[PDB]
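The chain that follows stands alone, in the form deposited without its partner chain, written as structure tokens.
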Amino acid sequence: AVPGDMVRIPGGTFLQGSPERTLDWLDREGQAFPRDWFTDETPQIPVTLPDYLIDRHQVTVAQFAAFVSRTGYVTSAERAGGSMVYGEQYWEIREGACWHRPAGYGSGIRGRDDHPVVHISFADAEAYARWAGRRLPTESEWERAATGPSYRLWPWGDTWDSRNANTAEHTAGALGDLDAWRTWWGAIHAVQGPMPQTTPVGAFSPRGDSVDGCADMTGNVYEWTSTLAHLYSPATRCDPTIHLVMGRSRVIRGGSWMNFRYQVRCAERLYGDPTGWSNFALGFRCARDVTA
């Protein structure tokens, strides 16, 4: 039996990572990051997986609330008294920030039932998945579900469309140019506070869905995987801050509402501190062996 809220990814072998021509092309595009910020996607490696199950949607607020309701679970951020938000200029600790106070004391989740839940630490996410009789996806399971059985830049193919997902490409597009966006970012912080601009899970289906049926693998919230940060070959060379977290951080995928197109690709790698750190743009979805 396959649960109604999961989809079945068929087993096979796929090329995990990004080919050299993609990095060449990002080098040509006038985007910020030097090449060695993307080299942790290289070289591509053959990865064999069985059939496996992955959630169609990111875990929502309403689902996390049911978990807390029935178990009494207290999240890392609650224990710490705060959690990260992106402020006027930098990431910041926000007092009281947590899944039910996404912007800290004075905010709430009224009417965001079906949005992805955020301020989820690595341990929060594993606790939920365990309770649900499931687990986190590995990095390999996540990427295969995003790119499909052959390589593509985004879940829907190689041509960007700001309409297919919840990213900053939409919002900057609407305000007219990257400058009006930065102004806007500043202005909405003054009053409103640091509110996540999440969207209801599945709101862009089927446009932005992956080939196997996963929604929001692009943008909305970052997503935890169970994979400890590692290079695809021992000779891969990246920015020293990426090397620094290898073997310590867990892998975070998908990009978020805050990202532009190159940080929401199927193969983009990000990393997070698994020991209690969390932030207002990071959640998760679950996965399962076909047979538990």
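Positions refer to the first chain, counted from 1. Whichever C-alpha set is largest while still superposing within 1.5 Å between the two forms counts as the rigid core. First, how it differs from the form deposited with its partner chain bound.
- Of the residues 193, 173, 157, 81, exactly one exceeds or equals a 2 Å C-alpha shift between the two forms once the rigid core is aligned, and that residue is 193.
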Second form
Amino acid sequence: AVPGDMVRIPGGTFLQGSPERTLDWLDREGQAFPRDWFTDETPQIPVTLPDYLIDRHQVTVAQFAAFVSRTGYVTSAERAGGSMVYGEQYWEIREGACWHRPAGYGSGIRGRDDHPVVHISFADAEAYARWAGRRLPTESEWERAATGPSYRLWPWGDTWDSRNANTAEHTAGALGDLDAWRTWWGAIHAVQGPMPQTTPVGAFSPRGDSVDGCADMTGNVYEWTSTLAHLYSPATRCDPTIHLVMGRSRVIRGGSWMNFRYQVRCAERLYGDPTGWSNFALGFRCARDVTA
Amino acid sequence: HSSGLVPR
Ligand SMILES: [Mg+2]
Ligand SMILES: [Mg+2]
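Can you now output the form deposited with its partner chain bound? The one shown was the form deposited without its partner chain.
Let us now look at the entire complex, which starts with that chain.
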């Protein structure tokens, strides 16, 4: 009895995190962030997991709607009156922004009910998962489902392909160069037109799927996990802003449509305030013990 | 106050 919307990850021991040679590779790529933005993925540690279940797809708008319809659940963002959207330069609070007003008052989710739901706080995600008879993945369960039983940069392997997922690599490539992409970024925030640039769940299957069958483990939306931020070794050293959230934030995985290839790797780690905060690019999927 | 997304 594996639910039809989940996949079974076979138990095993795997190397969580990134090897030093990957960080050396990042240092020599044309990308902005310093090495100590990636040392939180180090050192690799052996992690033993049993068989477990994980959702094939991120939770969709339609699915979250049915939860709200049947329970009356009110999300953190609705209680707070606003939620975060990315403007021309920085994250900004947008009044009325929530899962059903993704860009704030004056927007709606019309015709995107197969897209991942967004403006989900950590508590929203746990409430839904609980109602579904499930739970969030741990960080280890998430990475193992992304990279498969051996180390790879992205779920499909070590060679980048902008066609395999919803990331900014596709957009920048479509416009011809990063400069045109930067011009386009400006124009679409003057136009004020669209906001969240999500894609339907499973749109890039099978080519972008993980070896065990999970879709959109690269890009589209960020995903909550249940794991409290921690270093893989007590001696690991990262940017001080990373240390500042250790033991406090929960881990967020998979990058988003806004990211380029380096921030959508299987091992990439990100952290989010679990106390109610959310944004227009942050969703989740569920997992479950094999017997629960 | 909120730490938002880290690293930013
Ligand atoms: Mg993602
Ligand atoms: Mg990171």
